[PDB]
Every structure is written in C-alpha cells, then in structure tokens.
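Take a look at this single chain in structure tokens; it is the form deposited without the named molecule.
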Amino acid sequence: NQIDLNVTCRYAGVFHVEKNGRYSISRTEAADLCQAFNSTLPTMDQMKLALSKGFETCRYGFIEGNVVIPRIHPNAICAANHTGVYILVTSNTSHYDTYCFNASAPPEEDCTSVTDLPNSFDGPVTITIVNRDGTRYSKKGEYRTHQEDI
C-alpha cells in the first residue's frame, strides 16, 4: 500500500506533483493532495507568475479551472512547441498530474528539497515524497477524502 509523489522546485510557491510515475490524479484527488502539502490548486495568475520566475514542465496537470503545461522553451514534444501557460483544450480522458501552490514558499525559485507532507491525515498508506535529486521523505497516512479516488 504505497504512493510515490514526485515533486519539483517551487517557483513563486507553485510546484508540480506526479503520482506513481504516470497520469493518475483526478480533479477531486488533486485538491486533496495539494491540501496535504498545506497548498491549493494554483490560479491561472499564480501559474503565470511562476512561469515568469522560471517554471516549466513537460506534463499536463490541474490548476484551478483548467489542465495546463507551463512552457518557457519551445520543445516539439512538450505542448506542441508552444510557450507560455499552454491550456489543454481537447482530451477524452480525466486523469493527469497536478500543480499545487504554497503561499508560504519563497517568492522566486526555490530548488531546495521538500522534506514533509504536513497536512496528511491518519491512514494506512506509505506515502513517499520523491525529490528530483532523489532525496525522499516517507510517512504513513492518507490524503484522499473521496472514496472513488481510492
């Protein structure tokens, strides 16, 4: 009973979370997951400021109201070579990664590692935060409040 959460640097408090190395998060789960990091889904304005500070990924993830990819450099296989916050328009499917926003993070680029999951609740899952540099933090708990996401 394990969940791996790969996380990135924070940029103006915004970061990317990928679960179990695949697109596997629903919109309801995404809000619960950010809540476990004392965070919320980013607004489009928060994501645009994060982008301006250096944030880019090559993965679709939820923000408030849309599923997006922040892009700085044009890459043919990342959001069809687009730059800026690329918004997903047409998809058959519902599960993606998520972005999260922590208001207490530093204002610009923070590439220190994440060492805690501060607001998870009691439960039976071994949740492991995996940083880009390989460092890990694990704790027994749960963050999903909707039965259909479990």
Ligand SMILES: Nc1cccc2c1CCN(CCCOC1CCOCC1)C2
Given for the second form:
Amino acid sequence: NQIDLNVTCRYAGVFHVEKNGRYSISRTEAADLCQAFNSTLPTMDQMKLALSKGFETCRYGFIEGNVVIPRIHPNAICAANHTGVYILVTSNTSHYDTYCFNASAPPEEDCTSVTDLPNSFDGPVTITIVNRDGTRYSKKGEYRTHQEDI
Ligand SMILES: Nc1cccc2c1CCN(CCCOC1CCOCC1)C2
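Now show the form deposited with the named molecule bound, given that the preceding structure was the form deposited without the named molecule.
Every chain and every other molecule in the complex is listed next, the one we just looked at coming first.
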C-alpha cells in the first residue's frame, strides 16, 4: 500500500506532481493532493508567472479550471510544439498529473528538494516523495478524501 509522488522544482510557488509517474490523478484527487502539500491548484495567473520564471514540463496536469502544460522551449512531442501555457482542449479522459501552488515558497526558481508532506492525514499508505535528483522522503498517511479516488 504505497504511492510515489514525483515532484519538481518550484517556480514562484508552482510545482508539478505525478502519482506513480503515470497519468492517474482525478480532479478531486488533485485538490486533495495539493492540500497535503499545504498548497492549492494554481490559477492561470499564478501559472503564467511560474512560466515566466523558468517553469516547464512535458506532462498534462490540472490547474484551477483547466488541464495544461507550461512550455518555454518548442518541442514537437511536448504540447505539439507550442510555447506558453498550453491548454488541453479535446480529450476523452479524466486522469492527469497535477500542478500545485505553495504561497510560502520562494518567489523565483527553487530547485531544492521537497522533504515533507506537511498536511497529510493519518492513514495506512506509505507515501514517498520522489525528487528529480532521486532524494526521497516517506511517511505513513493518506490525503484522499473521496472514496471514488481510492
Ligand atoms: N519530477 C520528477 C521526479 C521523479 C521522476 C519524474 C519527475 C518528472 C518527470 N517524470 C516523468 C515520468 C514519465 O515520463 C513522461 C512520460 C510522458 O511524457 C513526458 C515524460 C519522472
């Protein structure tokens, strides 16, 4: 009973989280996930600022209202070579990664590791934060509040 959460650098408080390195988070689970990080789903304005500071990924994730990929550099296999905050328009499916926003984070690029999940609640799951440099932090707990997400 284990979940890996792959997390990125923060840019103006905004970061990306993948569950088990595969698209697998529902919109309701994304909100609970960010809450476990004492974070919220970013607004488009927050995300655009993060992008201006250096934030980009090659993965779809939720923000408040939309599913997006922030892109700085054109890449043919990432958001169809677009730049800016690319908005997913047409999809059959409901499960993606998530973006999260922590207001307490540094204002620009913070590429330090994440070493806590400060607002997870009591639970039976071994939750492991996995940073891009491989550093890991684990704790027993839960963050999902909706039964349909478990
Ligand atoms: N931040 C982080 C920490 C630990 C592992 C990882 C990441 C981000 C990328 N992520 C990629 C996982 C799957 O690669 C995707 C497949 C879909 O297209 C973009 C790359 C791995």
